[PDB]
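What follows is each chain in one-letter form.
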Amino acid sequence: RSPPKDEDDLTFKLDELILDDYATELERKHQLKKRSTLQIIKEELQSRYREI
Amino acid sequence: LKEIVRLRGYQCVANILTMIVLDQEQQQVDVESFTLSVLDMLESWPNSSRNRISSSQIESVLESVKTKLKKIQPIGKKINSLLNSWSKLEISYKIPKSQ
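So the sequences go chain by chain: m and s. Per the authors' numbering, the very first residue in the first sequence carries number 1087; after that it's consecutive. Per the authors' numbering, the very first residue in the second sequence carries number 361; after that it's consecutive.
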């Protein structure tokens, strides 16, 4: 509702996330291999339905 | 209260404690009444994570003041209950961020 200077949305904060530790904890707790899924989610959140 | 937490009210309450019950410009009985009047809302506010306290480290001030006024046992027991309640908190799993 109040985007910062020269930014359309807060999707740029996703690049600070450490997806590797999140994938490791997901694999430990739930036995899910989701390392590529976090990257796909990040790319889709940064730009919804790009032209691939 | 959530807004005060966002404003880091605990940080201000740490200095408010320190000036009165560490620096001594007043009387011990009145300072004891003040401490009993200021522990209550700290006990009452909604809390879900020690990240809130970590922005103030008010627990350290609480340890210092329970150690200084160790003779006043109600204050000590209330601070015991308060740190016991606060120590149960955590943040489940929180994704680390790049630094």
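Everything labelled a hint here was simulated from the structure, so no lab data went into it. Don't take each hint at face value.
[Stated by the list, open to error] EDC-like, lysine to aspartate or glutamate: derived pairs with alpha carbons at most 20 Å apart: (1) s:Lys457 to m:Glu1111; (2) s:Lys457 to m:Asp1106; (3) m:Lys1120 to m:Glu1137; (4) s:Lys438 to s:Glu392.
Now for the hints, and whether the structure bears them out:
| no. | hint | verdict |
| --- | --- | --- |
| 1 | s:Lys457 to m:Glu1111 | holds (15 Å) |
| 2 | s:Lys457 to m:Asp1106 | holds (11 Å) |
| 3 | m:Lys1120 to m:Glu1137 | violated (23 Å) |
| 4 | s:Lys438 to s:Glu392 | holds (12 Å) |
Comparing the model with each numbered hint stated earlier shows that hint 3 is the single one that does not hold.
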